[PDB]
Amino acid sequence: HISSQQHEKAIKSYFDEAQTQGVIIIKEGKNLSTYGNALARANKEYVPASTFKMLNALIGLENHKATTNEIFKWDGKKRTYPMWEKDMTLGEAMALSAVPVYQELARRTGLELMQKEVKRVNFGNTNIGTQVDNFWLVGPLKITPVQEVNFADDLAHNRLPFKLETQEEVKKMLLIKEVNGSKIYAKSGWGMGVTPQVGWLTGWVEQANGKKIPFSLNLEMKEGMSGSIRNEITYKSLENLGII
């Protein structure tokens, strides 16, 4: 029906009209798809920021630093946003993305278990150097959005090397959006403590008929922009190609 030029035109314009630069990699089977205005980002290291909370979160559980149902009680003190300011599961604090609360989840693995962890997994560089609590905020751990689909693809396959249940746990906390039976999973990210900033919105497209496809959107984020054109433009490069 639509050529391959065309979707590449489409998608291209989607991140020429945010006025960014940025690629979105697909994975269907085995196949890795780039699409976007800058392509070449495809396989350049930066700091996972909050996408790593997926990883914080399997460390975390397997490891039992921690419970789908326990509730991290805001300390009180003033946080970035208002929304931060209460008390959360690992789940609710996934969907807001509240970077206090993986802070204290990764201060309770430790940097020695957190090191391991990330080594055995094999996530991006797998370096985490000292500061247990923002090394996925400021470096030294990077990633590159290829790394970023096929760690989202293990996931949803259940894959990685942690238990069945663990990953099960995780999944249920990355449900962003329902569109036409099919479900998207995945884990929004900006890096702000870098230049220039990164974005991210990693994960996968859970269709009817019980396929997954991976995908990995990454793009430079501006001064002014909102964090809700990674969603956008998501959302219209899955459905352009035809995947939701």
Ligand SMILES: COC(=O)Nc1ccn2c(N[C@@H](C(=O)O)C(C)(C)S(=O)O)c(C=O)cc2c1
The other form holds:
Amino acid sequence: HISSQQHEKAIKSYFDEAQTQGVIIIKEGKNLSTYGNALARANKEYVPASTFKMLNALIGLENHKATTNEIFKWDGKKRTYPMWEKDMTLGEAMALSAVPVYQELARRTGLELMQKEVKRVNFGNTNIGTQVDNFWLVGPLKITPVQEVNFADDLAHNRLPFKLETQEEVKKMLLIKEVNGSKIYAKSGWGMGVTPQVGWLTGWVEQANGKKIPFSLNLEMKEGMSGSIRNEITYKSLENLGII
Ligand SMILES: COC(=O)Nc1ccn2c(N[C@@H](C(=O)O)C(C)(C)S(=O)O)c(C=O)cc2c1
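Can I have the other form now, the form solved in complex with the named molecule, not the form deposited without the named molecule?
Following is the full complex, with the preceding chain placed first.
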């Protein structure tokens, strides 16, 4: 069938075509595979941006700072996007990347509990600093693409140190696509408050046979670039490798 060389060339071209620099790590069982046009990004640290929402949710639910049915009401103040000017649950906010909701959840958790929980889960460099409501957007919290795909691997298999129910609740919030009997769970991310800007799409594919294949795409976001480029390159890569 297809040679490794051909797969590597195809996926690298997906990043080349988007005129950006990026990498996508795929994990099968315990083996990591790095693809893309800037492989060294694999072990470099970047702010997690919205990918942190996955953990924010885990923490909030576990520590009873919210429930999956609770509706977070829009305070009526102007928001970056009109789509965020509404009342939503944690899951709706996850799908809409509604930062205001997760900033409220972070504030409910509190700096002390948050630092302690991030440390406990051993997420990235585990340092949240002194600002409980923006540490995942502008630092000091950072994480590498390898750590992100491993975090996705752990959540997909319920290995994180949270009740099985909590993990299951959050995973249900991450279904973003179904393709040929395959289900794609993932959370996107875009650190716009950092330079250069980082883009993420972390999650996993659940194949019909029940096997789960974690992944983490990480690239540099540039002005005039569509957020859906993260999704397109991820889907093309996954498909080129026969994952979906
Ligand atoms: C305190 O900062 C602010 O007030 N603003 C913003 C403005 C946009 N933000 C994102 N991006 C989404 C979007 O813009 O549609 C994406 C779906 C592309 S992303 O994949 O989540 C975040 C997720 O990283 C976080 C923010 C914060």
